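The chain below stands alone and is given as structure tokens, in the form deposited in one PDB entry.
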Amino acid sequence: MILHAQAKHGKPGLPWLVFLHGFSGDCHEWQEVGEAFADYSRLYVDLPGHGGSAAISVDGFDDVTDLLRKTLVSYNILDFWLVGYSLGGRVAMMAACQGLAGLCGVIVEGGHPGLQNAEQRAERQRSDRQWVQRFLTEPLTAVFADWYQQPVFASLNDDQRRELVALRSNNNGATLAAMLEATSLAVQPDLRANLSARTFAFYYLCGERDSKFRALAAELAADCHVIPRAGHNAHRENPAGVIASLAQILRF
């Protein structure tokens, strides 16, 4: 078993760009940005519980990393960057730190490096448990209307929220719930020390208007690219700015 993905072949010999969406996303998330890198090969992955990988269940990050490894092998990917947004950024950091053969660098957009005490982990465990129950029992248009009013999405306007609710409501609430619990920030290690000692290149992207993750990026041993006029999902709101940042990172 491998993850569902969409592959696009670029110039032979250039690295693959392996894109990981965020929670409730799917393999289309990064395509507006990724297809700008037409000379690279692109792998747009559906994480467990998401898109065409809905039926793939995992118990935690070890299982996700293993699935990612198998997927890369299946596509004959030998030399690649991992590019992850939010949950996908956390998956990317976990997989990179656990070890992926052929990884040359990681680019994380708004991915949390980990909580730092038991109180915070308990709070997140409880909060994620409440969302899990909502995803199991409520109309997804109602759940996502509240999802996109969380603080990390405060910066959005009403039009943006309406569009996102409509988009994300194409999803399986049960498999979203299973994945939300399995890869909850509550169960993630604090990766700051590991990221500091990294063998792989590590870059951070953050929307200008994403106050939480601008502060987090400052705690990290990475070059941080602040994306103008963008919130947490900076590549969605300012794709041209994210393409420019990715070009600076990749082509140097």
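Positions refer to the first chain, counted from 1. In this text, the rigid core denotes the largest set of C-alpha atoms whose superposition between the two forms falls within 1.5 Å. Compared with the form deposited in another entry:
- In the overlay on the core between these two forms, a shift of 2 Å or more in CA position is seen for a single residue of 127, 137, 76, 117, which is 137.
- When the rigid core is held fixed, the Cα atom of residue 156 travels 2 angstroms or more between these two forms.
- Residue 38: CA moves less than 2 Å between these two forms after rigid-core fitting.
- Residue 191: CA moves less than 2 Å between these two forms after rigid-core fitting.
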Given for the second form:
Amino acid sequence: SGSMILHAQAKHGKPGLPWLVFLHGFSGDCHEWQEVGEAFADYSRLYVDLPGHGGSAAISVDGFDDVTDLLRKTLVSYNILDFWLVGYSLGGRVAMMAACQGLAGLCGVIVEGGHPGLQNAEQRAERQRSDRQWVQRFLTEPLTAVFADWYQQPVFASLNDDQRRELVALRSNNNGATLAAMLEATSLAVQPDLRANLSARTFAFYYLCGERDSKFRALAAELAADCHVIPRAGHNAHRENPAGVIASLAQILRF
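The form deposited in another entry is what I need now, so please give it after the form deposited in one PDB entry.
The next block holds one chain only.
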């Protein structure tokens, strides 16, 4: 279909300052990080749509290598030469994979909710089982029906009914086929265990955790990261406490 890059929204800041390149989570889009990112009016900001999502819905990938290649291509096309990657959940995993492969111009990586990888064949088989079942639902069921159950998952337990309904309605603005393909392609089941790579890193790496997010606080500690704990926040700290996340990002980026 032609020479492709990822769809993204660019905001230009001061010349000489780095770009902040933001990566959303599964089912989301490039609006995910804008409430937080637009606080950094002096930086340039790139809000990327991952394959299968937003304006990148028609861009398919077979795995992380394809995603990393597309991200690299996109950065080159925008002439982004110095940048931070900031990723939430799947976007955090994309950021870690790309940084570990190696990206020219990378200043550092900041992750919220990004799993560094499973550690044995057993955990992987089970995540593969779970992801395959979701994939088949996204591939065959009306999106609203799938998302209705999606938001009943334990990670969303802290939500109320109005919030769940809102999210179901919002995320039903996606395509099921492209979401399914991306879910499969970048499944945690096929991701390497990045602990060794992260330990041996030559780039800066920071972790943000909602106070209530015990799962990712534990994972951040496994990565020997001193997590920036965001008060009054759970599984999506940048959404639940945007001012707190802005403060933490300012502490990290500006010093």
